[PDB]
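Chemist: Chain residues, written in single-letter form:
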Amino acid sequence: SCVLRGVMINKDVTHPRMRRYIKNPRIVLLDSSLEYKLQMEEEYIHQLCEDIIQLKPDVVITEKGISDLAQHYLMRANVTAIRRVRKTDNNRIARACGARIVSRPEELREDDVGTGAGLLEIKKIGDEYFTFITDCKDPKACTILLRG
Amino acid sequence: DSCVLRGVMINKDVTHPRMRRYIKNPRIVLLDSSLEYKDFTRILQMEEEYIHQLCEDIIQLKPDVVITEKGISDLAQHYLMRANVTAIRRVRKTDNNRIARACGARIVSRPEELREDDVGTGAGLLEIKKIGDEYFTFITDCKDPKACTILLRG
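These protein sequence lines map, in sequence, to chains D and A. Numbered per the entry's author numbering, the first sequence spans residues 212 to 248, 268 to 378. Numbered per the entry's author numbering, the second sequence spans residues 211 to 248, 263 to 378.
The hints are simulated quantities; they were obtained by calculation from the structure and are not laboratory data. Treat the hints with care, since some could be wrong.
Each computed DSSO-like pair below joins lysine-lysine, with the alpha-carbon atoms no more than 30 Å apart [claimed, not checked]:
{"#": "1", "chain 1": "D", "residue 1": "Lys317", "chain 2": "A", "residue 2": "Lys222"}
{"#": "2", "chain 1": "D", "residue 1": "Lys222", "chain 2": "D", "residue 2": "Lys317"}
{"#": "3", "chain 1": "D", "residue 1": "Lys222", "chain 2": "A", "residue 2": "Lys370"}
{"#": "4", "chain 1": "A", "residue 1": "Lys317", "chain 2": "D", "residue 2": "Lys354"}
Chain D on its own, in the form it takes in the complex:
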C-alpha cells in the first residue's frame, strides 16, 4: 500500500512524438550504437532498425547514441527510444524488467525482451524529465523509491 519500487533515471525520449506512458512495455536493452559504424550507410541503419523492430518492442534503450534516421524508423514503428544511458542504469533496468543487454541487434532473441515491469512513465519533475520503470513482477528485482 504505502510503498513504491522501481528504477528512476534522469532521461527523456529522444523524439517528442514518442509515447511517454506505456503499460506492460516490451523492453529491449542495448549497449551498442544506432549510428553509422550515405546510400550504403543509410541502408545499414535501416537494417539495424529492422532487426530491432522485428521483435515488436515498445521501448528501445541504449548506452550509446541514436542517429536522427534510426530515431525516425523507430518512431514510425511506434517505438519509444532513449539514448546515452549510463551502463549502471542499464543494468538496473535489466534486473527490473528481465531484459538482457545485447550488443548486436541481429542477434536479438525473444528471450532478451523484458516484460517483467508493468509501467514505463516519463514525467517532468522541476526542470528535468525522469523515466520511471515501476510495477516489477519480482518485488525483489526493484529498489524502494518511497516508504511511508
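Starting from the structure of chain D, add chain A where the hints point.
Modeler: Chain A alone, transformed into the frame defined by chain D:
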C-alpha cells in the same frame, strides 16, 4: 489520495557528508548570494572577518538548513557546521524558487537583512536520498495544501 508524496526534489547532496541529512520541520534559509570571499596573514584575516560576519548574520536566525544559488567556501562550511547547519550550494534559480513556495522562505541577497519572516517553516521534512548513482534532496510535507505538486505516488 493515498500514498502521495508532495514537495520538491532537486539533484543535490549536502556540502559535507557529516551534515544532518534528515530533518523534521527544518527552519530553511534561502539565498542567491555567495558565501565565498573574493601580507599573506592580512589576507587570511580579511577573508576570515568577512566570512565570520556573513555566517553570524545567518546563524542568528537559528536555521537548520541554508541553501544558496552560488558557492560556499571551506571556511563558511566550517562555521555553519559549528552551528549545526546543513548546507547546499549551487542550486538552480528555478529550483530555489520552487523551494521558496514549498516552505515559505524568502530568497534573500544580503544576509544582514534576514528576519524571522524570511525563514521557511512551511515544509515538514528535508531528506537526502541516493537514487541510482545520484543524490536527491526531498523537501516535502507542505503545510499549505495548494503549494506543492506530486513527486511520487505509491
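Chemist: Work down the list of hints and note, for each, if the structure agrees.
Modeler: Okay, the hints, checked on the actual structure:
Between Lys317/D and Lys222/A, the direct Cα distance comes to roughly 21 Å. Compliance with the 30 Å bound is thereby established for this hinted pair. For the hint linking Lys222/D to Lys317/D, the alpha-carbon distance of about 14 Å falls within 30 Å, and the restraint holds. Taking the CA atoms of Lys222/D and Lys370/A, the gap is about 28 Å. The hint holds against a cut of 30 Å. Taking the CA atoms of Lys317/A and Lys354/D, the gap is about 17 Å. The hint holds against a cut of 30 Å.
In summary, this structure violates none of the numbered hints.
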